[PDB]
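Take a look at this single chain, the form deposited in one PDB entry, given in structure tokens.
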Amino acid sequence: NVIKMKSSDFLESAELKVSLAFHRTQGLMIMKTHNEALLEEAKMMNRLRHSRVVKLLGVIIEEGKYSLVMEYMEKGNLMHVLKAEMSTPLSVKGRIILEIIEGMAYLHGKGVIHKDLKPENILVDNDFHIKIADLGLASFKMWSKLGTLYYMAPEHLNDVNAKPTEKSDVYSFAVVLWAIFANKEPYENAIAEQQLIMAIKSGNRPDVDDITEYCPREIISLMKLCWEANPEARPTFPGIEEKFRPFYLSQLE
């Protein structure tokens, strides 16, 4: 069940519009700050309970304040971790890839298409374990009513009519795979938003040759399959896991 929280249960906040908040009992939490259906959508999102998914612990529904309260991941997002001293060994990277696949397969099993999967939505703890988050509320309908295109499937670029599918998340994952090995955002040479959109829609993808740090040939083949222009040519997350998991256990531990 979802917990109705009061802003009096918090001692102070600091904007990391997300914010770190200190609860007087449950400790550290993240706070992101139609009255009736808002709490039912909170109950629905509170059902997303998995080890690789940031849990919605509670909601603040007060006169003037409407906030979503989530579990805190002490290291921040994936990109910030990757750029902070690029020591991150290959076996840890492979483990992060496997955890992302597991979280995405869980979400799709609950009928949830993310739509905004990117390193900014992959949060990290002190042991380098990850959880998928939806900080921009891409998967919300009521709560959302009250460099980002790098991870967007070409079918949605310049086409808002296109219904997002489970294959839209597979494409985002493919670009996340490239970013994990490159330790940076793709398309550094792109000059304009319009040219980048048209280049991607015409077949352009992140530079596979721009990975100075070693990346196994099998992972490069996987990202090339996941970022295929035809959504139907992309594999599903359990299909990715069925090939990645045995590679991870026999080559990366």
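C-alpha atoms forming the largest set that superposes within 1.5 Å between two forms make up the rigid core. Positions refer to the first chain, counted from 1. Compared with the form deposited in another entry:
With the core fitted between these two forms, just one of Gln26, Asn46, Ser221, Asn204 shows a Cα displacement of at least 2 Å, namely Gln26. Residue displacement note: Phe244 has its CA displaced by under 2 Å between these two forms (rigid core superposed).
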Second form
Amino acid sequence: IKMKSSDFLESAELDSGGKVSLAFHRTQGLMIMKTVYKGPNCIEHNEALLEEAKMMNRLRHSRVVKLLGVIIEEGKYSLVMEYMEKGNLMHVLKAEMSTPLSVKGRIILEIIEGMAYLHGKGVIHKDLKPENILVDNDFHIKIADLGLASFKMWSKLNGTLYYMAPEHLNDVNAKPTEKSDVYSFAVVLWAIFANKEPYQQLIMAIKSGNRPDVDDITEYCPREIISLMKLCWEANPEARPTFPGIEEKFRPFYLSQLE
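Rather than the form deposited in one PDB entry that you just supplied, could I have the structure of the form deposited in another entry?
There are no partners or other molecules in what follows, just the one chain.
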């Protein structure tokens, strides 16, 4: 679960929309490394910082990012994850060539898959956003936690409200649920077909019922997907469906009309 800088034959640092380093590991290959903090070795939380890593490494699914390990040496604490060549969802959505409707259709279903898996494993994201959806060179996605919203030990060691559920806006104490991530998914649905980010006075608008304008989407989007985002960004969390329920409607649809 823990690696050494020496296990990497070569490495390069790339800054993206951040401060990550790509390295070629001997046996496994290309991985992304990020130094969480720099300073003297800790004494209080080092034991459970290695256990957090073990818990995350055991979330294995095709649509979910796998934490490969941790590098702890001479006052450095760094997480190691797999490499997604094309960066994140918005980078791919703002590219010159338009992403085919078929590929956008497949991405949505893969976001559903990864989300249904994490929920089934008792994991609530609370930070689902295009910046957290990582795309490989084959246009397949993996859900990541780059804002350390689920890495509580690693968060202590060292933000978009456009995707945040209204129940969480001006109510930090409310517990994040499966319905919190469904709301974020609806805004992700919008950002996919609109190919851009949506939108104190904004927060009260979103709390009243204001949502990203469907009319702002220029390119072609099915009426059925429009209805799916509307339903998922519903004010009452109880009215919103679950990811296995989104999947049982989206999968036949994708297979009949988009694949």
